[PDB]
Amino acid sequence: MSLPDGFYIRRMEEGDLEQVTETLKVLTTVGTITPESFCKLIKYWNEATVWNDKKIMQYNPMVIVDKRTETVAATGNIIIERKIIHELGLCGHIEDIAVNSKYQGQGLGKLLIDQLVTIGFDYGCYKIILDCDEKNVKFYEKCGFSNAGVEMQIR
């Protein structure tokens, strides 16, 4: 799908390895990943389906691309889960948001989230959640999100 000022958004592809690992670095440690592992990863992500006239993908890994040079400007994913509560409802989980360093401050982060949400709600999610740091509560509030709890973790 097309977006303004010459960027567009589409699902991630096997050939995105270099650029995606590069923009994900902004988020954390990505490590060594071989083209083969990646293709298997991408084929899993392209075949994993959520039992539901809709085809529902569990993983929806997006990259926003600068059409100018076909360079990945940002990536984000939304994972779909089917629960029992809410009449066997769907809950979306936005994960791994990263705006590439040379593309910061151009509004792409908010466009990416908007798209992930759109994707989640079209599938029928009764809600979409994500976790963030306090310093980013404001930003997600601008994307229409609300404070809803606390994130707990165990490594």
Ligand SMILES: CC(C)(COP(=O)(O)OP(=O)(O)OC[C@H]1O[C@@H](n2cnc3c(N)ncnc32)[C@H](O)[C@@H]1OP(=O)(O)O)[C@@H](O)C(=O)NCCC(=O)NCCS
Given for the second form:
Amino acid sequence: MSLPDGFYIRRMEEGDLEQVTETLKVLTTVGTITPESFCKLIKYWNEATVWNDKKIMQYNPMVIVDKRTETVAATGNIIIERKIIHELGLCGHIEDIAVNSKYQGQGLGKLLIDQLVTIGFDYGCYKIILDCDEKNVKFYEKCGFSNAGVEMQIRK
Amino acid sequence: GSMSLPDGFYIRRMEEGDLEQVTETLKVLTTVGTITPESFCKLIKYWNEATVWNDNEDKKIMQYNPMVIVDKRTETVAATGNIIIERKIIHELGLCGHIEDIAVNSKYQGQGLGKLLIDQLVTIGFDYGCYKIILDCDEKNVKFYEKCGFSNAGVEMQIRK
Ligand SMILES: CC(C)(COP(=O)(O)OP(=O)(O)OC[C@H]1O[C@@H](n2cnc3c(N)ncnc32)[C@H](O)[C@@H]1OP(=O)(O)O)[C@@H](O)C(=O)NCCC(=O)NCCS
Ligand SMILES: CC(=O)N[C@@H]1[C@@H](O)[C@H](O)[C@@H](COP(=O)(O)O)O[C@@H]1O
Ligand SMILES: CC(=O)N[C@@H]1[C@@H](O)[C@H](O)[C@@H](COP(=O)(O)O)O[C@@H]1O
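Let's compare: the form solved without coenzyme A (COA) is above, so bring in the form solved in complex with coenzyme A (COA).
First the chain shown before, then all remaining chains and molecules of the complex.
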């Protein structure tokens, strides 16, 4: 599970605004975001912790960076939830996976999911889930995931 | 902070004292296990204080919204469900609600209690300003959820420790 030479993964930072918004736009609508508001979002994500009786960050936004060009090749996040079931169990929610086109087909998506999963299991999650489009199911099965249900949504 | 619902039920946020009844209810869903009153009390404290950053400081956004529907006839918990609020970067730093852990006690099944619960959770998420609310269900319940206004949006994938 190591990244290809030249690429590294790290927690998303305030200075990533431009590259991250650009990357996420290939996934869905992003819209207008100011540096000021992004600053605020990053502080929230950097401070929210999950009660643990070892510090658990509720948000774990990652970026994989191609060091040569300082370009964000991909981004993904894993959100940690504490429940009552499974003896006050922890559940990880992988969200907002996006790999830039120029960087796909190189194994970076799988390595990103692998790193997110590791973050979750290291925190003690009894399970990690995510929702994907039917056309991405095979990629997720190759990351070790299995079909568990149907995602249902309702929009405002 | 209680709200009456049709047919002699009312809804309210979960409390420390609901441990025994909530434990029994969630077993309808999956393993609950052993949970002490002190641990449960700490969980409730965490759930009552965790907020999602926002600018309407007049309406705090609770990260966790653990609800119980109590049967007035018996003053016992009939159902429980939660909606967890997540702040994203997409949709202009949008909010996504995640409905989780829906458990209706078996004596109440077939009474429309599930719908009542889901409808209240959705209201809670949209009142917070969520652009969408999602949940994962078994194939069997897709129809039930469609009766609640939800539509098939994708596939839930998991990996277990
Ligand atoms: C994340 C995503 C881009 C794939 O990332 P990726 O870096 O291209 O994929 P990887 O190189 O890590 O591939 C891992 C494995 O999954 C397979 N795979 C990737 N995409 C696949 C597809 N569409 N169909 C089938 N298998 C696929 C690869 O062949 C590889 O398997 P192998 O090791 O047996 O060869 C894609 O699966 C996805 O979910 N896209 C939606 C979100 C996003 O990034 N979107 C913009 C799309 S334009
Ligand atoms: C595994 C993964 O990345 N799933 C994503 C989800 O996290 C993201 O929020 C959403 C955006 O779609 P939306 O704009 O319709 O909400 O797409 C996919 O479901
Ligand atoms: C809509 C709904 O209620 N979905 C629940 C989910 O929230 C819960 O965590 C899980 C328990 O199953 P588990 O023990 O397999 O985690 O069951 C269902 O998928």
